[PDB]
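Here you get one chain, nothing else, as structure tokens; it is the form solved without the partner chain.
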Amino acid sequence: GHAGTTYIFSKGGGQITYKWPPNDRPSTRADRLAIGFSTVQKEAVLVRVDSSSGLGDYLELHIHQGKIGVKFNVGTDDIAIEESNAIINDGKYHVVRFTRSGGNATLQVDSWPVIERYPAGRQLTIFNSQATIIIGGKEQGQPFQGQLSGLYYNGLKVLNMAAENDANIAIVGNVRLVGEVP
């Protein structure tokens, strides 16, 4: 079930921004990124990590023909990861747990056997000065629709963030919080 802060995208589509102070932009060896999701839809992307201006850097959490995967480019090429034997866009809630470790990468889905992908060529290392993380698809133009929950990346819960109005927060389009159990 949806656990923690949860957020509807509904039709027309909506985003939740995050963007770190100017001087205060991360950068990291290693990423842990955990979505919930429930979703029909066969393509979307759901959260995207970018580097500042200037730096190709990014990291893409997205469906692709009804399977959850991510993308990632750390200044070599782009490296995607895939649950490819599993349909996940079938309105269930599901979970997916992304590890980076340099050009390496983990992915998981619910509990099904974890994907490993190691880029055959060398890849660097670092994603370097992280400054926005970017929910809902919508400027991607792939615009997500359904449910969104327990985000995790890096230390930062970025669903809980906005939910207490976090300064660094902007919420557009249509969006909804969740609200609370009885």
Contents of the next structure:
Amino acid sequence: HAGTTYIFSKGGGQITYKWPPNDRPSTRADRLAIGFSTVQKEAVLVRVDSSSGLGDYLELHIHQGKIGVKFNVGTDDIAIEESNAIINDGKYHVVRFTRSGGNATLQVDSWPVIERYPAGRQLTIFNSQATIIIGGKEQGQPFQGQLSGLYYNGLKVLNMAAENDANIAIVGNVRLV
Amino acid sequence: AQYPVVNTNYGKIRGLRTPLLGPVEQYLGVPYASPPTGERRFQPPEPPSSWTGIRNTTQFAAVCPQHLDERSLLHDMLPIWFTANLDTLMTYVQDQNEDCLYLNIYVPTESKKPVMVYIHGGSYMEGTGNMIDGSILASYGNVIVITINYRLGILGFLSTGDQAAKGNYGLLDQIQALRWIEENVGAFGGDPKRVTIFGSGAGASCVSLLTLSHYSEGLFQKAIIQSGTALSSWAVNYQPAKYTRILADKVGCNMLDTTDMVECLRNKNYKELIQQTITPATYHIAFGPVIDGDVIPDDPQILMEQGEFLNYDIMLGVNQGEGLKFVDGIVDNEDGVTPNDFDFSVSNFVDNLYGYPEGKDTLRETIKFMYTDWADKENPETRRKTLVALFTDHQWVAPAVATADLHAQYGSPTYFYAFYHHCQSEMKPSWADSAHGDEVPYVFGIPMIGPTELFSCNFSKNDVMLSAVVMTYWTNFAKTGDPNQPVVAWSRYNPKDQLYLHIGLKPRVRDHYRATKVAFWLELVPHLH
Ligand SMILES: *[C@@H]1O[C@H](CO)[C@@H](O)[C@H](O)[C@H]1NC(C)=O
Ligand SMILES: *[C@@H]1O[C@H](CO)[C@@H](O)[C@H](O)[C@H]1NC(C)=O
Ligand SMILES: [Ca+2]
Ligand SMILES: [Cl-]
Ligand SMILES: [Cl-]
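Would you generate the structure of this protein in the form deposited with the partner chain bound, following the form solved without the partner chain above?
What follows is the entire complex, opening with the chain shown before.
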């Protein structure tokens, strides 16, 4: 774990970045990375949501001890998983996710890059990105463990949270190690 | 100080310091791409050559080729000031050259300034950025204003509908200009992270198309789309091969192979090409933007319905009576239109825009009903207004609102206006309301100086002040994404409340601009087919 780390304790917690309403980015390609440690089999780690009314979203999660991303940019849900690396072991891990239109990459540590190429024509724009929620409380799957080095499309979100950025709201059982 | 020099990434240029509001530095005839001549006719533009020493950019370069001829001209599509004043206008295009990719920079003397880039154009066939002087807007708004020249007509938009000539060269030119600006505006004290593109008419259509192209990514953040959209009958050419063939056959390039056909066209003298008459179906274009699958990747309707565009701050609008020309020839001595002329006029409209047999007896009767003032159905002057309204609604308002709704729906900050003012002049009959192009003088501060040869308006104190209001809104938007903010309140537009600014002597926020008429065109008329 390097630099700004946050610990998430029993009962849960949350870190929310709201984009100023006049400046919600729409993207054709995305890039998400984070460092984590957890013993949990189930949690939502990070979730980027489009404004109310729109279905587009991107969600980094753990399911059956395996890290993956599920996103939607207008066609269907597309899922990508590292379905071999056990990552719920209390040890530090890095996950890197890439999206390009309907296509996506994922890798964990130095394991081979997983690629996903969904079949049929695909929408490509993630519209009107409104909130980055870190912690999984809202999704009903709170994360417990540590997070560091969050990067989303250039935004080093956790540092921003460390430096009291106006748009960040920190709630619940979350501590700035 | 008087002839200031700026070192661009291609070498130093020398401009003029011009007084009018502080003085403005003018750099005219700056080259932004290599001449699209020879092998590079019907190809994408290429970057310009660099030079040593100082290059004078102190007068307008040669303009792009165009042949202005009543009867070749697309009258219904050109703004009133253009068609009203075409002698003193041919004056601005009398010096042509295929080598014409030049832009002009207006820099106010006064960190890093916003940049407004204007895309001129009436019909894609004509014009030059040079007839708009950006000095007043620049100096009043403390923003850099750039005007451009891009390839026009055949040279700018010829396409075969296959790989031989993919088209959109003029749009590619606008992109190349924006690339130049991104890399070089800093040297003039511009901020590449605050580039607003804007335009009126066919220029507005370009601006809308550019918001749908992956090529635009990073080159600008805001757009102002005045009196045009990507969705009108005349915004896009869905039948380029047909018109290219007519041209080829006229100039003796009859080969059937499209690759050989283009090479033959490529070696022809351009003057021979522009002298031809290729007349398009009424209200459509022979040469213009096409759906090539790369630059414009699909029908704009589909792209916008589906949300396939990035998040630009957008301002758009329309003028009260854009469609003045629709009543050419049928207005009598008393400024009225007869019932027979009303019928004929709606009948011909149906034939030109809804030429499906049958279902058109129905459509014609419905349109007549919709555009009759049932509370004053005998008044010939009202008949006239409604006819101008029919065409204005159909060609401008309905698609503007369609466009506004779709940007707003996908979360891009949207601002809508209805422009209800225009200058007193002889360019236009006294009964007419604000016509196509009438906003231009206000956006560019012309009243602050006086009448010009193109806008021979008799301006009043009110005109000066309305111009001040418009430029403040426009440049505020350039600065912050919000026309109310430099660092009367114009509410944001979303498709729920649909608030818009009524721009006139007394500006005011209102809602659902002509919603019933827009519904009629967008909702009812499609069903019924
Ligand atoms: C550029 O034009 C100015 C206009 O007066 C002139 O003085 C100057 O000599 C020209 N450029 C060069 C390189 O001489
Ligand atoms: C402007 O309006 C005035 C008002 O009487 C009148 O002289 C005429 O309509 C216009 N003036 C000029 C010089 O055209
Ligand atoms: Ca989408
Ligand atoms: Cl009516
Ligand atoms: Cl209405």
